[PDB]
Amino acid sequence: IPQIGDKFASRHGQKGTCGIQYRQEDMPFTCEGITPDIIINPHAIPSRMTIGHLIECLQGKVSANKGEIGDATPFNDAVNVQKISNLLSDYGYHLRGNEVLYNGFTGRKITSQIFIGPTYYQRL
Amino acid sequence: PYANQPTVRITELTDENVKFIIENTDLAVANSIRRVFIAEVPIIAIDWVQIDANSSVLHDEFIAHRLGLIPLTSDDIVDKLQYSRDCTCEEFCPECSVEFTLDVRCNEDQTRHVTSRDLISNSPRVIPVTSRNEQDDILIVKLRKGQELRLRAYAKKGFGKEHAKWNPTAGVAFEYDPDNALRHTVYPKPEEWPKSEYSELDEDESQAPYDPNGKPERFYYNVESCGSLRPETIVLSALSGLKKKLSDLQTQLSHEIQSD
Amino acid sequence: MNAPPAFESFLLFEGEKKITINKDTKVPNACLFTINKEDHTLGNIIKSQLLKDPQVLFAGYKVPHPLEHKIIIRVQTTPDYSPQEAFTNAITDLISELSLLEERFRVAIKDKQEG
Amino acid sequence: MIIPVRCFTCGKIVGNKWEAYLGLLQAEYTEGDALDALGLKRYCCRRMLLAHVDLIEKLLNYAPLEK
Amino acid sequence: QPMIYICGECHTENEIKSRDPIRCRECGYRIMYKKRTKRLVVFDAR
Ligand SMILES: [Zn+2]
Ligand SMILES: [Zn+2]
Ligand SMILES: [Zn+2]
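Residue numbers (the entry's author numbering), protein chains in the order written: chain B, 928 to 1051; chain C, 2 to 134, 144 to 270; chain K, 1 to 115; chain J, 1 to 67; chain L, 13 to 58.
Hints should not be assumed to be uniformly reliable.
Below 35 Å or equal to it, Euclidean Cα-Cα: the simulated DSBU-like pairs (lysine-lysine) are [unchecked claim]:
#1 J/58 - C/155
#2 C/254 - C/20
#3 K/17 - C/254
#4 K/37 - C/253
#5 K/52 - C/225
#6 B/934 - J/58
#7 B/993 - J/58
#8 K/70 - C/225
#9 C/81 - K/70
#10 L/29 - J/67
#11 C/20 - K/70
#12 C/254 - K/62
#13 C/205 - K/110
Residues of chain C clear of chain L, computed beta-carbon distances all greater than 10 Å [claimed, not checked]:
#14 3
#15 10
#16 86
#17 91
#18 111
#19 118
#20 125
#21 198
#22 204
#23 207
#24 208
#25 213
#26 223
#27 263
#28 270
Here chain C is said to cover these stretches of chain K; the calculated rule only asks that three of the stretch's residues, wherever they fall, bring their Cβ under 8 Å from a Cβ of chain C [stated by the list, open to error]:
#29 1–11
#30 16–29
#31 35–45
#32 53–67
#33 84–90
#34 93–106
Quick caveat, the hints were computed from the structure, so don't treat them as lab data. From the three backbone atoms N, C-alpha and C, an ideal C-beta is built for every residue, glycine too.
Sequences and hints are given; from them, build the entire structure.
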């Protein structure tokens, strides 16, 4: 059973161990009570420049809301971020994949709208 | 220095969810109610399995874990049953547990779907939700000709703090201040964000004018039930459980104050 | 290997007190309530109810470690008042609020099912 | 290998929807319309049904250990 | 005492004693599997 110290990775070089596990009432939630399965730190993105992670998260939100499988083939001019954002704005979501989350401990809104969505993770 | 006088307004009540609004309460009370929906509303769930025979392609712990997550109707029985911690019996008794039996064998050529309908209980009140008298039955395992699964489960009383299988909710939507009047969020581009279903704003207006003297009131809830409890039973049991947590805390507080 | 049982978040160990009151010596009329086997669910409501008392000068809580299963609530009141009395009144007020909320939710459910 | 019982995120039951989902797909529903027919409105449960790979059907191609 | 095994190919329940070559009596297959114990193993459905 996964636990603190088990190594997980996305498909973009974003590896890390489980720091802690919070129950569903302790995790942050959207207005429709969706809690993240995983929370990763924003500081893993900028130096690494794994923008594929973010585009995959956004495409995955579109895919899950649309009932399809996203096409992430490398060199495809028929798929860019603006198209994916326009598609996501049609399902009642912020076009860039952000959502207002609430603090699970206090229930107050988090001032900064969080970037959340489906991403394929791997257990190593 | 005294309590709130909250009011309630239920805007939708089905067998699947309850959508309501609590007004004139603190955000901490609203979020503790929301948390108790998930983590301190007891229900009945399988928490003990004895596999007598399993020739299926899923190992024993797979089947056991899978049985634990089947919701069992807990409406009137959960209040009566005791925690096995509190029961003065041996490992089990009908006062703290419910016995289930499952015995399936695939003799025919087509795949046999061992579903929650095959979980036979000794208690008629505590049965799998899908088996209750549409939605199909939860699939425990598929069996091939010659494969067989025979087990004996016991279901216990617990809540979501111990394991998510004792969580009665299939999602708790919680919201407040749909128009960002308290500015607890700060949209870099307020025009880009969709409107809440509870918003009262004309489409040209993106968010409400900032309310400096405002406090979070009017919390909107949509408590979806996994099936074990009715959604309104989830809310009532949540309020009762939170009140008994506070009552026990006050009892222990009084003992500590008087002992000093 | 090192996984604590899930009940350890809710259940008191033998000989472990649910709540302990310790006088805070830094400032007068302040106390620390160390409550075992509770979490943000009760801490947040108790703190926020204590903040509604004008005789309460400080009301805060913390979970010192998420892996541990206790909370500490610090309460400072005015000299004519007591932090123990403030904590008691906060719990009483929360109980009354929840009782009223429960009765009103029962009434609302009855209205919704009937008409 | 088999359809999960609950949605990992919310805890909604999805175990009883795999067979209905497949029956809707052979009924010439799109995956989105099929997921709408089963009442999976949160994209977490849509993720559960839409990304599931029924490996148990391949594990049932092997004869069991006992006849 | 009997230690009945199952055949990997013919799935036949056959008894084999110690100091005996591992051979199924029904088809001669050389790989055998032990049967599930009768002991009582308990699972917390978690
Ligand atoms: Zn008992
Ligand atoms: Zn879900
Ligand atoms: Zn043989």
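Structure-based check of all given hints:
no., hint, in the structure
1, J/58 - C/155, "holds, 14 Å"
2, C/254 - C/20, "holds, 24 Å"
3, K/17 - C/254, "holds, 18 Å"
4, K/37 - C/253, "holds, 16 Å"
5, K/52 - C/225, "holds, 13 Å"
6, B/934 - J/58, "holds, 29 Å"
7, B/993 - J/58, "holds, 28 Å"
8, K/70 - C/225, "holds, 29 Å"
9, C/81 - K/70, "holds, 29 Å"
10, L/29 - J/67, "holds, 23 Å"
11, C/20 - K/70, "holds, 33 Å"
12, C/254 - K/62, "holds, 22 Å"
13, C/205 - K/110, "holds, 31 Å"
14, 3, "holds, 43 Å"
15, 10, "holds, 39 Å"
16, 86, "holds, 15 Å"
17, 91, "holds, 14 Å"
18, 111, "holds, 20 Å"
19, 118, "holds, 18 Å"
20, 125, "holds, 21 Å"
21, 198, "holds, 43 Å"
22, 204, "holds, 39 Å"
23, 207, "holds, 36 Å"
24, 208, "holds, 37 Å"
25, 213, "holds, 49 Å"
26, 223, "holds, 49 Å"
27, 263, "holds, 34 Å"
28, 270, "holds, 41 Å"
29, 1–11, "holds (count 5)"
30, 16–29, "holds (count 5)"
31, 35–45, "holds (count 7)"
32, 53–67, "holds (count 3)"
33, 84–90, "holds (count 4)"
34, 93–106, "holds (count 13)"
Checked against the numbered hints given earlier, this structure breaks none of them.
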